[PDB]
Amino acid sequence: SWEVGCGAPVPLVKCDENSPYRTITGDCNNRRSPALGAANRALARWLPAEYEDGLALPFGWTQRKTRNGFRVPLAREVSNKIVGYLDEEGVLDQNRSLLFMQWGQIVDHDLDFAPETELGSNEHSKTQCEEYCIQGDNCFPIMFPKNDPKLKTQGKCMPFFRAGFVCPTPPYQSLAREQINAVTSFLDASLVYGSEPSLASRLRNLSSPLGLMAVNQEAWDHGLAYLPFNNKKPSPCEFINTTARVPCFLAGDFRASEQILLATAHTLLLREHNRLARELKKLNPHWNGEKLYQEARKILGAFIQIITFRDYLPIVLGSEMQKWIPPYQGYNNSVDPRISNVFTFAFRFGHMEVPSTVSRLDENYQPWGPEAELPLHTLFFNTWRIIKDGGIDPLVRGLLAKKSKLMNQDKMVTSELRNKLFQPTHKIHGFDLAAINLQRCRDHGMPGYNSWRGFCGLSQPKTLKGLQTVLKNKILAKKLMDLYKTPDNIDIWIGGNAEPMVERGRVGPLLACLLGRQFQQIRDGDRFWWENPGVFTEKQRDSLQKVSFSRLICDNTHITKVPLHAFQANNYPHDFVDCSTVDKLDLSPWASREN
């Protein structure tokens, strides 16, 4: 007895059915089932949700009710006893650049987003939750441990609000609570253009027929464009330095300004759209604005898909790549392209790949300025360092020259994120991303670690000795058992990230399975997949294969020296070469004659 009635809270509209361009909402990708993969709908469930009361309450909500007979440990204790570490030396990935971490975040924001719940416009819940830590409704505070240093200095808890769900959003009940995915599931560059008709429009430059995206008018970066500033005050980007008063950037995705390197990436993409746009006009002068926008937009969509599947996943999945994502075989209308709820947690392996600092390099790739190496935490929502401290070129050079942080069982998430994370809504640099993650697993009703091992057809340890063998680490297996009392209770996020990495990969067996299935699906169930005959012509595909992130760089910055394989670790100057030597995207294949 199914129930696929519920739904209304979703911007719907008619379909075109022979239109060459994706919709902004993702609707109409699948002809037989039009809303599949669309934005503002529930994340798919690969396994039933698991809640304390079976419907909506998270485990750890009612301190008396246990999970399989035990209390589930506070997310912060787990963070404190397993995730943290003090010594940053020797933690860098010797063969993965900072861009490896950054691209990952870009693909993830393109694929999923479960925003937190409102009712908080002119609200005291917004305060009944941070001031008094009173658990209730959408307020599910992260309590502090005994002997936590934040006690003495911050309070009794860390505010936290539950994720939005479907049908309603206020006081609801009836079916199992399913979270929302506010963005399109397809890998379509929805982070550049937006996932709603409203925002998509406001991002475009409609005062002219060039099909360009709107750009900043207050500042330019050596003639090159900037994303436009965001309208909305109070702005968090101006709170971190009230004297600079530089607001956050307005982009296709709302998280664009979490960190300076994510804003740099967004800007690089924006710039490529315009470039691509003024170039296409030049070859097809008659084309109107719409045509220029959609056509460029589609090129860029094909760009992200290529870099992701050709250069990124192969070094995440490693030797497991082929076991999950076989050679492409054409569009399969039976494949469900929805992002699963658990994927949004599996893709968080990236948080353990973020180093403690971000550097800026001058033209010889040497420290730019005296205070060239900044601590990550000073850059959450920091837009002023771009506008008033050198533009994006210095940051992009750091992306190519510095390394990512290597995931390590005894050194998982840097303190820059574990103790000094900054939230919009709040006023301090004192949050814990690791604790938030674990708290979010419960909020989302995730099955335990062993449910997912079974799902992926992997052994399921029940004993300490069993876990030691799987983690291949006596001590970690030990800390994990003392806190969870059973491997069945280990949250998927930490459980999955504690496994050793597969050959040539950066994730373990469980994650490779979870990541692998998701990408196989978004590819096979995407009617607009770039390799799908009819989407692009044979001659356009031969052109799209030469796309390189190195090139993207060359055409949108004043960097003339770039690595050929920007994801592996490269040393300047030996592994860098003049832009004049890098393949360029040939657009002549897009020229459409007449008569």
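By rigid core we mean the largest C-alpha set that fits within 1.5 Å across both forms. Positions refer to the first chain, counted from 1. Compared with the form deposited in another entry:
- Comparing the two forms between the two forms on the rigid core, the single residue of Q329, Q366, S201, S174 with a CA shift of 2 Å or greater is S174.
- Annotation for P11: C-alpha shift of 2 angstroms or more between the two forms, rigid core superposed.
Switch from the form deposited in one PDB entry to the form deposited in another entry and give that structure.
Chain only, nothing else included.
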């Protein structure tokens, strides 16, 4: 009865079966179902979607319509009463660097992107949602509750547009709405290279046959490369300072300039590509541009994989790591490699790891100038501080030397994100990421908290007292019950993140299961996984085994002092060493001798 499936707005596929390299789109990874993991298809549904009308309308759309007999609470009221806090003193994670937060965002952006519907071009339909807050079609505005401070200074709502969905981009009325993943599900550096042939070519430097990615020609970082500007008007990064008039960057991923540390990480990875490509040109002078591009691309892909799977996931998942992602046993072509709709909310655990300030540090790892520490809200879409205020190096030192925010049941999301978020088009530092996440949860038709607990083989609390035992927090459980009325109706984003963290990790049991399962699948179901026999030679793999994040910094900045375990909390100068003592990526195994 379940159909072979739709796909009129998704194009053709034809697959070069000899090809030792990934496609840009993700097509052809899986030989029996070539579209599996490819960009611009439906996110996978691990559980049936749950919408108000069975099909497409989110819970909370129709005021009289309940969920399980109760009204769903406003996203912004859940934000105000649970997610927020005032005192930033004491929130910092004593054993994770700020790099730990930032790598999470990098990895997330490699795997999933569900962009807003395209309806407001040649059309003030976006402007009208904003201006008048009238719910309809793809406008699904986040209404302020009665006592909200923003009601006084900001109007009736925050605008919000429904995520794009496959088949039609107007609505459909027979099968349930499926949102699109616009990037490749494989952990494949698509955030560097693009997920679309169009973008991917535009990012390359073809002017020369050196397999280089294109770089900024207007500005340089003390001789080091910046990303090229995106010259597409209008631009949010110009808007945040019209006197500086520095545009956003153009990268493999649309979101690269959303905050200055992300743009920073993107810069390092672009540098790493060009550097690898130059080093390969030396070792194999006979290689053409396509060859060089592909081979650097492939190494960078492996780099992301290793840092993610060897260094990042164990310190997120802790004791549950082995339970969900056992040691690798090879490529299983029966595994679904697709990112699930629910993972795209699970991985938003990072939002509770983002701290209120970003610092620039000098070569002694001491404050850099008089405005060294800045509030995070002043750095959304901010390229001008990079270009006109010291380049990336002082930012990278902050990444190493400052700390991530630790998630806290009484201090979930900093007001920098919770009250001051800037979104493009819209003019103000006045949005709420937490409210947006909850509204999105609904937009995407997510099953509730207890449906996912059941999925993960965990208990399903029905009462206040049951919820108190699961959360190990009486007061939080009590606010959730007062808002949601039953635990079944608690939005997964908030329920998942309300759980106390597992031992040695930074997420609770439910999230560790949703994340662990996904990463297991992105590893096991990828034909081009770096450790799958034949992707790299045995010797290449011995060389790739030594990648570190420290080495990445050494090779692509003018920073000479680095920790060995860059994700742990590290204090200068004690936990820092000279770049000369840190293992290098030895590219000798890529010398292809053929005479």
